[PDB]
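Protein chains: 6
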Amino acid sequence: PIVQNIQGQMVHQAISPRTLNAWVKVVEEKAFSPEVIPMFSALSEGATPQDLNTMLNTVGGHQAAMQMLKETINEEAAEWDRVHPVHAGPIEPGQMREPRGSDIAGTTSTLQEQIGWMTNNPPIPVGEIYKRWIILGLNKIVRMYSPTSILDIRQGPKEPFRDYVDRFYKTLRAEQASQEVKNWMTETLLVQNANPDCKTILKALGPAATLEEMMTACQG
Amino acid sequence: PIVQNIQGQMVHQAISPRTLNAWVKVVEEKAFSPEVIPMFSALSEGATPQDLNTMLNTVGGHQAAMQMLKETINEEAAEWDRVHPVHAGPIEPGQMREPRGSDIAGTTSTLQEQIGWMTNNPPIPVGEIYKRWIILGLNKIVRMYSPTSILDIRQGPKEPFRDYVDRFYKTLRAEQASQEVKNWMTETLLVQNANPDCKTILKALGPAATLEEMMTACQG
Amino acid sequence: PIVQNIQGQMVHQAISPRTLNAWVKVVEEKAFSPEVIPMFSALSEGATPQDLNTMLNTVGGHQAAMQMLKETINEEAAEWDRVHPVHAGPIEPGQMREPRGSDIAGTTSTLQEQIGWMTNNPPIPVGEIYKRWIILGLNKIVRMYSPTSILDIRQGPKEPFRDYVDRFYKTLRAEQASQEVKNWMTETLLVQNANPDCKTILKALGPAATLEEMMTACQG
Amino acid sequence: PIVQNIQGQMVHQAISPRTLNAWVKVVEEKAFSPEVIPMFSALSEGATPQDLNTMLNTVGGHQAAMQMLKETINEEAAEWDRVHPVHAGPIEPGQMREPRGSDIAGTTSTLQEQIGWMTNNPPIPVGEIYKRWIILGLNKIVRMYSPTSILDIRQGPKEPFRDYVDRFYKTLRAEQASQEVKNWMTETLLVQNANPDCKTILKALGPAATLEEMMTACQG
Amino acid sequence: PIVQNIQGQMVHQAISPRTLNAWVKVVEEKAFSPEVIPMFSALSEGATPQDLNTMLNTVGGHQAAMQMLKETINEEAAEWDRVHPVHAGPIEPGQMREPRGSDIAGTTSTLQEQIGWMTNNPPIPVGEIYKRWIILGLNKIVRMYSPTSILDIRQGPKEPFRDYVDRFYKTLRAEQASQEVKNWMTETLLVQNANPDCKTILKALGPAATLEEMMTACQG
Amino acid sequence: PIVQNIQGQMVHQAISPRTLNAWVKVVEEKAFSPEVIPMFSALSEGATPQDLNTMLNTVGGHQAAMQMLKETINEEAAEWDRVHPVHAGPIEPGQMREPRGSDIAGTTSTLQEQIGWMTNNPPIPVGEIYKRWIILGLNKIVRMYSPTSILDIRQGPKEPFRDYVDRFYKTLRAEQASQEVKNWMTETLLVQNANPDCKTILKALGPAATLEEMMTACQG
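If you read the protein sequences in the order shown, they are chains F, E, A, D, B and C. At position 67 of the first sequence the residue is numbered 67 (the deposited numbering), and the sequence of numbers has no breaks. At position 98 of the second sequence the residue is numbered 98 (the deposited numbering), and the sequence of numbers has no breaks. At position 62 of the third sequence the residue is numbered 62 (the deposited numbering), and the sequence of numbers has no breaks. At position 217 of the fourth sequence the residue is numbered 217 (the deposited numbering), and the sequence of numbers has no breaks. At position 23 of the fifth sequence the residue is numbered 23 (the deposited numbering), and the sequence of numbers has no breaks. At position 157 of the sixth sequence the residue is numbered 157 (the deposited numbering), and the sequence of numbers has no breaks.
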């Protein structure tokens, strides 16, 4: 990827096999969950678009999500070339061509062009935009892969509350809902769909109950 | 994490793959124990708030503990904002603004902001404050994750004394309390729930004796 | 491969033992997946023909596929030698001789000649041409290795649509077709070889629908 | 630990996660062999007291040995405070204050104070004294771990001499004695608890013989 | 291995532990395979004769093959000494003496001698000659270690054709022969020992046809 | 250990845990074989005597060989201090003390003294002499660990020739015999202690048989 030396000038570096080996293993080992997006965002930090394309191509299985993210990239590139028209026909000497919809992803562009684009003054954050698009695609994917909705989460008669609230927060984190509605529902749906005895205990405890108080009361 | 070294201090390197892979693997394998607190403190020595956010997002499972940690961090940030109010009006040129309560968590801040806040003269230890917040969160987590209390520990007729005291000290380390009462409770609880042979041995030895003599007394 | 030292001249670095260990391991571990080919493109970035030949020959097993790819390499070298004439005479400094088919293949060439050919101005992409030939051979072998043709996959009565489209895309990645007609298959056969219920659902929704919404409609 | 950059000033480098990973894994896997303390000496070469504290706290289980080593650390700190007086007053530049036992232990000190103490002229080996205390505690723990004493091992009728002397030296590495008396022990107890036939063989050969010729005579 | 790089070329680094460990693993795990010669050529690219000796001494088991390699190296060194006699009399000052037959194997030479020989002007490639000796020895070893000859290979009624041709080409690669007879023997041996159905198919296809059509003909 | 930088000036480096773990695994994994001495000579190349002492003290089990190597080190040190007397009483300014019998091993000498000795002009190869002494000790150890002598090898009625000759060459390489007597006995003991049918077949070939002929003829 891209590393910074103590001298001050950075150079290009090939993709290390350890990162991709971990990336192939993490996708297979963790399957699909909310935690995959951050790992992806932290592992591919400061990498060329070709590296991300190879990582998205070296994955084994789940080709449906790969086609989903490819169509998302295509739609984002179409919107980009629609909202950003090429008003300048000729190119000034010493300046490289503007990244188009197909050039921002690296389909018909070599690595040298991407290097010259990212090392420009000022730099063109093509890799950052590609990472944001991939993060949006992964958000859509994990939203589609939801086993169930948030309203269907109901604690059973004998199921413990720990795994119940764990699954609740797991299916809530992958939801595309905003922070406000999530904070609104986490105070009501957690107590309305709990064990009846515990539910009554938490309701009698007061309307200002926190996480630790609920954990200590619902287990007694 | 930020790197302070020889000439060329203006550098920022992302989280290494070996560190992040090790932390996710160790947390899943070790589940939750008091031990994780020092491992996290050693792995995040002088790290940026975004690095801490990525490390907290890389963990898979146990969503309830993560929500508890997040709400504790939010409460402590609110307390910090209440005790350290921000000054109104225009800011002085060249002087970096003080970090707000929400800026410590890294939810409404960027990389350059925390870089300038950490490399300022004098530096602002916001990363240390966030690490202390996460340490307090992990303390609350390991306190609420306890399966058996400290008073329900009794050695059986065939359980060894060494394993008994090992379990007792593990349970005591899992709980956080003042050491001034710990010194009394360990002595008033260790020599009470032992085997009758070890009990009469320690009674013949003396209450004010050390622990190594008790270990080497009833051994075998 | 070829690397550039910090503020230094272009020097040739040796083969990567850890990368080769991974490459031999991946083939055995991953059996023969289509994603293996990108894997080669990511591991052999800027590699020399000698390194590529060593990586090909170090593979244990698949001797039939090795013979097939060697035959394809020989055919490509013969076609190159037929389309490009060969000239002989004195070699002027700063200009290299005309590379032959066996020279592009690297069987009758040496490391110093390969370095002189790849570090000339303008550079002769002999390594790039050999890598393209190798990936074309691997594409041919993965096309022949397909157990099921692209037109032989049909959704069963109890097979989920997710697994159906996953297998369809996996077979499309391994089938032989051009990039333009590649969309025709995934646009027509994907809906023409599905379960009748979701067939009628997609027909009522609209053919121009995208994969995400068509799957969300087929799931419900 | 402390490292010296090439043609650079003495700077403190951060801790290595792989070292703690190897250290946590080896102690759990190898239980408590005498060599473990030696292993400790190689992993903690020139490390700060905070690093040793984190390495000791990160160990999972065996809280009894941790309490014992903490008690030994407290006793050593009290002895150091009793033998070395403490002075207070203005701190002159270039000269550090009098290190206290609580500061030698590193529980009530920070990182910069230890860095200034270890990089002063003349350097104050606080880390070396703490490492010596820790290895003494580990020696005490491995002595308590010895199931069989040095005088309780005897060669059986069917046990070979090789395994006998191996277990004898393994127990001698775990007993409490000085080197001067350890020489006499390994000289006389090796022949005092041996097999009678090999006892007579060694008596005919001579007590001053080395272990190699004694073993070669006992095998034949 | 020798390190030819920027200023400071006078440097000799020992073999890295990771490469030696990988060599030990690939020797222990796979025994001897037709692909071990490229593995040795890649792992020992540009190494000093002492490095080759250390690599050949760390081999585990198979002492007969190592003795065969040693005696072949000795015979070839004797042949080199016979064809390249050493000049008698005093040597010229400043001119390094030519390496003798036994000096190439590193049995009667030192490190400084071979360092000066490989870094002389012009350099003397004794390491390449020793690598050629070793790969010839390995070819003799893999030819001697052959279980089944090439004529005793017959496909059963149920064994697949792909596995049959894979085994055939593996046994053919294990044996070393001239290039002008192998292309004839493969064609005169493959289309005779196939399944009756596949035999009739290939008879309907044609003798002078390629191999890919034979593979895709009787598949399934 | 000791590494060489690109600049030209070398610095001290602590022992890496990976090499120590690999050595421990090799010792645990293969017990003792004549092949571990080259492994130790290639793994600890250019290491301080303290590193070798830690590696010899961190090993678990087989304390007899450790006592043997310690006694050999003591005897070599005694011989060194006997043959090298200290004729120079005073020490010149800027010059370090001469390594004595106890200083050459590192028992009563710190690491700084060893660094100053090895980096002197001219350097004092204390590490090389210590490595030679350890190699001699390991030679004595593997000579003592000989299951049996070289004369007891006799091929049974049904035992194959491959494993027979492998064990023969293994115990020959592990033997303390010189190069001449080994080559003298490898032509006689191999043919005189073989299967009678094969033995007569090989004797009917002549007195100029090679290893490949012995392998190919005995197996028929």
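Some clues are possibly wrong.
Because identical chains share one entry, a pair is satisfied inside a single copy or across any pair of copies.
[What the hints assert, rightly or not] Heads up, simulated DSSO-like pairs for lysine-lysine below, C-alpha to C-alpha not over 27 Å straight-line:
no.: 1; residue 1: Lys-70; residue 2: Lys-199
no.: 2; residue 1: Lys-203; residue 2: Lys-70
no.: 3; residue 1: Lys-140; residue 2: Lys-199
no.: 4; residue 1: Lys-158; residue 2: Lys-131
no.: 5; residue 1: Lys-182; residue 2: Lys-203
no.: 6; residue 1: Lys-203; residue 2: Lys-140
no.: 7; residue 1: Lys-182; residue 2: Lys-25
no.: 8; residue 1: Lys-182; residue 2: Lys-140
no.: 9; residue 1: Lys-203; residue 2: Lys-30
no.: 10; residue 1: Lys-203; residue 2: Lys-170
no.: 11; residue 1: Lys-199; residue 2: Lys-25
no.: 12; residue 1: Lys-30; residue 2: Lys-199
no.: 13; residue 1: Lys-25; residue 2: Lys-158
no.: 14; residue 1: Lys-131; residue 2: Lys-203
no.: 15; residue 1: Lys-131; residue 2: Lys-170
no.: 16; residue 1: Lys-199; residue 2: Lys-131
no.: 17; residue 1: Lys-25; residue 2: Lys-203
no.: 18; residue 1: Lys-30; residue 2: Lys-170
no.: 19; residue 1: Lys-199; residue 2: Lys-170
no.: 20; residue 1: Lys-140; residue 2: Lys-70
These aren't lab readings, by the way, just hints derived from the structure by calculation.
Hint check results:
no., hint, in the structure
1, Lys-70 - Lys-199, "between (45 Å within a copy, 23 Å between copies)"
2, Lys-203 - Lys-70, "between (48 Å within a copy, 23 Å between copies)"
3, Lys-140 - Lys-199, "between (33 Å within a copy, 23 Å between copies)"
4, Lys-158 - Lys-131, "neither (43 Å within a copy, 37 Å between copies)"
5, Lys-182 - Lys-203, "within (20 Å within a copy, 35 Å between copies)"
6, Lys-203 - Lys-140, "between (36 Å within a copy, 23 Å between copies)"
7, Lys-182 - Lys-25, "neither (32 Å within a copy, 29 Å between copies)"
8, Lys-182 - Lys-140, "both (16 Å within a copy, 23 Å between copies)"
9, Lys-203 - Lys-30, "neither (37 Å within a copy, 34 Å between copies)"
10, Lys-203 - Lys-170, "within (24 Å within a copy, 34 Å between copies)"
11, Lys-199 - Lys-25, "neither (41 Å within a copy, 35 Å between copies)"
12, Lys-30 - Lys-199, "neither (33 Å within a copy, 31 Å between copies)"
13, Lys-25 - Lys-158, "neither (35 Å within a copy, 29 Å between copies)"
14, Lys-131 - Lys-203, "neither (44 Å within a copy, 34 Å between copies)"
15, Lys-131 - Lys-170, "both (23 Å within a copy, 24 Å between copies)"
16, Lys-199 - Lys-131, "neither (42 Å within a copy, 35 Å between copies)"
17, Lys-25 - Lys-203, "neither (44 Å within a copy, 39 Å between copies)"
18, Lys-30 - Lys-170, "both (14 Å within a copy, 20 Å between copies)"
19, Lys-199 - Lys-170, "within (21 Å within a copy, 32 Å between copies)"
20, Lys-140 - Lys-70, "both (12 Å within a copy, 24 Å between copies)"
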